[PDB]
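Taking the form solved without this ligand, here's one chain by itself in structure tokens.
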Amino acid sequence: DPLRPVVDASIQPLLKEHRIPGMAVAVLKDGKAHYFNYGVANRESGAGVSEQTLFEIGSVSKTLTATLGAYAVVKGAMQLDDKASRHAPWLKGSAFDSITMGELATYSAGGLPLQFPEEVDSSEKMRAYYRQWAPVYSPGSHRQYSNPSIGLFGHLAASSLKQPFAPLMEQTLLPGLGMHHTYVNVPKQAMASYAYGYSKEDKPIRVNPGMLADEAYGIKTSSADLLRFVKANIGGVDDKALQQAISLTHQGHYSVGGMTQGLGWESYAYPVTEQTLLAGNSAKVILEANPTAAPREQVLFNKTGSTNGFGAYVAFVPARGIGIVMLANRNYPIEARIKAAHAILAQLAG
């Protein structure tokens, strides 16, 4: 593959530096998909990684959940300006009577935390949590990355469509995106393709159960399926409704520095410097609260994602028809993901 030398040049050093057991890389250029596979999906057995290997993608799941929400909007089942309680009777009489679906989707509801408190481990406790939650900031004023925030958005989006989230995604949305091997719950026939994640101590692990995990960070997919998603975000899909939904996830709602927050996807003016990309994906933007600013007025879209044993990254530029997917079974530094992707994308762009 003429592109192997280029991809290898940025990926190989990464694998060695962070002792990554395996990584599936997929690139899109001139309409064609290119696959580069490294290492193993299972260290004990030695099973090799392929573009069909299933990896946990963590927060990258939010781009798919966001697409489901956009789909609900297109179908007329809900509007982003809808108060959250309009789609959950159990939220009536809480702070969510004055918070919108869009604010939940863009982490700007007012300070919902990164993760649910450790004690919130059941449906009953989760409902109680939201009903007692007190806003920290006025709605729309600050961005505080939050799983409970986007998780609730996805949960309610599914409810607006009158179907449970998991089956809705697996039986309708994902198939519509051409993603037939993407799961919230990996089925029996696909378990053999499911890689094992590896902690810092090299222990084989997989994602732990959690409230709204399916909506916020529970997707398992392959580099082939995720690149098909990238293609859908560029070349489009056959279904008009789904196409409209995809476009909605490209719209900027507000910005934080050089990063513009949309539904799921986070975008930047293209060409973008490695410095700007690193900043938008820095700990300051990820962990702390930051005031929202007016949205950006070519564009690169991206999203990072991790689980205790996995590290994923996806970035693409529609106007140039290029994109890259990097799925690894080691949660290695986000900065390393950005640097490798930026280098490869630069070569692909010309």
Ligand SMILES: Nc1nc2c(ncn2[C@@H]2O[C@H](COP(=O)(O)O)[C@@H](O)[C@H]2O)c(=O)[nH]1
Given for the second form:
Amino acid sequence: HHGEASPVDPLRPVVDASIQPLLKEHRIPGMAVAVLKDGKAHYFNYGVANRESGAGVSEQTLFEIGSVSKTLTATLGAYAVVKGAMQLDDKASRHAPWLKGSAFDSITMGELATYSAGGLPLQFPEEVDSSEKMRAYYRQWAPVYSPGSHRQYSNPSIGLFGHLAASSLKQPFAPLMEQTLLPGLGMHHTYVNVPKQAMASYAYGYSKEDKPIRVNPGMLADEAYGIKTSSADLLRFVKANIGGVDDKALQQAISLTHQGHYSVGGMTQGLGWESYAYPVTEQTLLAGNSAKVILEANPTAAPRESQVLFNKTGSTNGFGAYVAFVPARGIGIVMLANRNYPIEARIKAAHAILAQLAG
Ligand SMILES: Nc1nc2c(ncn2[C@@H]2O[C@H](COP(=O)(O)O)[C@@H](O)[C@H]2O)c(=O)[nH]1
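Next, give the form solved in complex with this ligand, keeping in mind that what was shown is the form solved without this ligand.
Entire complex below, previous chain first.
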């Protein structure tokens, strides 16, 4: 492209300098990046969304965001709190009579949401592939740790929280999310189930062997890791987490997702969101998002006292996402890739970009 005008956005060189080495190094087919600064959204797009169509990534491209979905699930849950349909200290079996008689008689909704129920695993056992088998699994589950004592990052945990939260509101999760929560968040290009009308915008994910893949149906996938969104919509969510929204209940729910419950090292666990004192060292940010924190059980420590950075990683077999933002500084970043590349790479690059945005 020698002789073409270079893009005019003065933030382009900052983003490029961090993102282009990322795409080359881990051979990422496409990434949509969106950045907030001084009340304005800046979109930077790289590569291709679908190798069959050759279509370039844009801020309208739909990516799987994996566990970033948990921030939306948690917001739905907080929304049920605000509406009075549940409290975080409710026993889980209050909201599901099929749970009465089990350990979930003594486990709170809050503990489900914050992966501190007592050692629920990261994933369902593979044989748990139906709603009936799911119910059986929960009723027979044996607590490993006492409730509240340990964080074990778990899809069955926040998955069940999302599920009972929607049950408290007398609506199935996916319609509730798409019809009430997401439109209130201004997220009109975000889906649990991507409709016919929007499929052409849906990227393919790409495995380590460069095979085109999309997320597999699994139990409570909708609740735990099943959202598809664009970088523009996700930046609207960042903005909603900073400036707020017009729906009064949704506004409260957003604030509730920021409230800390406990900490692990420098990370403080909120509802969905994980938070850090800002400015935050790269090492601290990497530690909070490390294999140790993600994969193994960690003891719960006292939460950080209520400036702050909020963040969440998301991954599926073919996608890698990350979002971080600092409300006190009006800055944020959304990075959505159609390849599941290392979390450490995501944090380092976001780290770097946010630091230059902070000025
Ligand atoms: N070893 C292992 N890693 C997982 C499993 N599920 C997700 N991960 C990884 O854990 C990290 C965090 O997931 P995320 O929070 O980004 O969805 C990602 O690197 C993701 O690929 C799993 O079942 N086993």
